[PDB]
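Only one chain comes next, encoded as structure tokens, the form deposited without the ligand.
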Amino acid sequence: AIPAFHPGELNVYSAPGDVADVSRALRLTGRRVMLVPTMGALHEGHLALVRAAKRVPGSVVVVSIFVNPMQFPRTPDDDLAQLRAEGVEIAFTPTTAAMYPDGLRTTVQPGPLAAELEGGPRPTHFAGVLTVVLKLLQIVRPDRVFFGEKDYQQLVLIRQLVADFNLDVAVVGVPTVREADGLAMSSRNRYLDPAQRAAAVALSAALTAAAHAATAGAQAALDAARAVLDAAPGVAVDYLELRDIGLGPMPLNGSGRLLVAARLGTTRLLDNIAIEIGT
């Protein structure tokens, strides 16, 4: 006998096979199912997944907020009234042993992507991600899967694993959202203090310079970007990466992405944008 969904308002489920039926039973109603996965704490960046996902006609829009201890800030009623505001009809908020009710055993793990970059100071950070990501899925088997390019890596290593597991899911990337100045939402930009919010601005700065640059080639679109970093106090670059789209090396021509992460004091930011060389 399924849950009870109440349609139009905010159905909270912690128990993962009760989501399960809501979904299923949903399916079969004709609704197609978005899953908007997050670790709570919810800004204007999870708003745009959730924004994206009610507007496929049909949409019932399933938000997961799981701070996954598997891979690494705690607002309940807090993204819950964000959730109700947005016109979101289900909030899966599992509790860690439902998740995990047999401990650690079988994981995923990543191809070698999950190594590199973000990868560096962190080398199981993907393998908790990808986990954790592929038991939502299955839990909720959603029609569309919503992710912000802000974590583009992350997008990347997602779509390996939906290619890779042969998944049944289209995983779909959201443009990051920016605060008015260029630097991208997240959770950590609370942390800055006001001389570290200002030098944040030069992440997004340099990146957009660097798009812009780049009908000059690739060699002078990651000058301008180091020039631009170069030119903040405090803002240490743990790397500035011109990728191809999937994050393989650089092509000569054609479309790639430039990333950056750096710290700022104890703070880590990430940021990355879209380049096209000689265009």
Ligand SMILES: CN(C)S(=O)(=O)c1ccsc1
Given for the second form:
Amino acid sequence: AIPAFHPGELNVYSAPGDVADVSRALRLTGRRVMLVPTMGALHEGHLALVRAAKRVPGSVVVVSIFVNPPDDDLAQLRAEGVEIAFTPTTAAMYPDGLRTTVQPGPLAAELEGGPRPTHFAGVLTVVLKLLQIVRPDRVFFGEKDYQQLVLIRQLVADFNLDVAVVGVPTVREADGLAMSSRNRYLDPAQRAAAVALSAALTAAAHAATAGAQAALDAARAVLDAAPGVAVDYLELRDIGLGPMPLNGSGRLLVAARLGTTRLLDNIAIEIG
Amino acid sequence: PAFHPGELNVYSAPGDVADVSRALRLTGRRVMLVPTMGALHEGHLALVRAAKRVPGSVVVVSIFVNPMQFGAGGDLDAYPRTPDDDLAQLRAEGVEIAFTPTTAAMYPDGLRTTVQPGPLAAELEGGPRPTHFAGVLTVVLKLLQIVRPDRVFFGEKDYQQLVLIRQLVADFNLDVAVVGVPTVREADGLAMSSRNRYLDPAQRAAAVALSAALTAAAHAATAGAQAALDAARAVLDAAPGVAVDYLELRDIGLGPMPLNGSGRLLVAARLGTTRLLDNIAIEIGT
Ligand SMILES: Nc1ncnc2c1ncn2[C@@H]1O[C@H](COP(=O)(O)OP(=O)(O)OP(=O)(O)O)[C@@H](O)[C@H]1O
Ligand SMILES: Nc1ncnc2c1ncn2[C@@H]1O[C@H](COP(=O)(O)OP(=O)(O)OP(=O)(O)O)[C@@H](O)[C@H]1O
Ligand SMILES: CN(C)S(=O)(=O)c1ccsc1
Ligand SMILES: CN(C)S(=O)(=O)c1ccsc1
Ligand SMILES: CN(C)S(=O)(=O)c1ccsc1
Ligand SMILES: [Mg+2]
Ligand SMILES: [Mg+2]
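Switch from the form deposited without the ligand to the form deposited with the ligand bound and give that structure.
Full complex below, order starting with the chain above.
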């Protein structure tokens, strides 16, 4: 017997089998299941994934909230008209502990995989589990974590997963700072300097009519004008994060530490 | 693309079989998957027959040999490859779908994202071949995603592989039932295996000791674990030209749990260059 589901209300499930049963039952009645994976502490950047999933016709939106090893989140989801929240415990997700896992390809060792070399094996493992529990038609990730998003597209391709991955543009504060729960830690001087990441990327994207080296030098000049911004990398790559082609489309990515807080941003770049 | 029911439909492209499987499920057939490396014998046919008997079933048998569960030199080029006979046998069994993908369609990006099995993959068969089961589980996960069966069928013969596939299914929340099928044996007890063709007549005679050792241990086991193991060892020791790689009695999940009342006894041995495996359920003090 299918667990209880009330159309038009926020239905909260903690057991993986429950959300699985509901989602199978809902898909059979002709709803298209949209999955929006999060770690809770919801802000406007997360709600833009939610809004994107909501506008697919016939959608029922599943928002998962899970931290790799609350009332207000759920209120935000209600206010958004989300009908399902999936809130599993660690034990529900890892009942046999850490056993079979996904091993990413070599892209996971680069860029964010520098400081955190097993970070993405962990992310891909839980993404794959969520896809299998929920079996959505489409799954939504923010472009803010671009390398994560490209890794998910590789997971999907490589394991023949039948789900469409939708990347959602980065939501920004008024001065361009990419929204993130970490921003709250920045003191005023760090918060003022943090604008340099987005300002450097946008400067680079306009300078790119003059070519790839003009785009990189414009970005570096902007970051060089900020105090207390320790750049960990600034790299222009093609859109799948391979090496940047001579011309055409790419992606410019930056990560920097301001005090103890690490910030990331990236932007589409059209070369020449 | 096309699906002619009651006939064998062969697809090579993953998209084709995924499309047909999905259409079939939607019309309410239940999809059964039997993964093979081809070279089909009666052991594979027991899997097929178990799949066939699930009411409403449509049976997909896949045939695919890696470049990932093999680990050089060496072996990958050594695998028996008769696709011909295989399809004929499947037609005979009334299978409706054979899935025979190319290496290119399975690995268009080489080895990029893969499955990392848990620590069981480093033991037993994995001892000398510590990448072998990452190869197997990566293909089985892809087959499960392409075909999305209701049930997938594996033989008990490759018991460690069966356990690993159950771990993969649990650990990734895969929505498929794994059905283990009992080992099919020649009349003298020898477990059927495509590798048995590499035994010359003397080695074929000697190879009965694996199954004789195991069944002797299963009966001996009223006298305890040590008696069962020594009975198996004695039989294997009496066998000319059988060289034992391992003989081990484990818990049923092969797992990090001590042995209690129920066990599996596993053996691997070389007869010249041919490596043979077998295993049996063991009840201690029963
Ligand atoms: N500003 C943003 N715009 C678009 N998507 C975002 C934004 N911030 C987070 N996301 C997306 O939300 C999903 C959940 O992200 P997660 O729950 O880590 O939050 P986060 O803001 O990146 O928090 P943290 O600062 O702790 O890293 C991911 O797909 C992520 O890329
Ligand atoms: N004798 C048997 N009884 C039941 N199942 C079997 C038997 N032999 C193989 N199988 C199963 O058939 C499936 C396909 O196996 P595969 O194509 O490796 O054949 P194989 O006979 O084991 O070949 P090889 O001898 O080359 O290892 C696996 O699930 C395997 O456990
Ligand atoms: C990508 N994440 C937001 S996720 O829900 O799949 C996750 C990853 C590690 S914890 C939660
Ligand atoms: C102090 N920072 C606000 S800053 O104005 O000096 C800065 C920010 C990005 S470049 C210079
Ligand atoms: C377990 N196999 C028979 S499979 O079809 O998943 C496979 C694995 C490596 S080659 C074929
Ligand atoms: Mg984040
Ligand atoms: Mg085999």
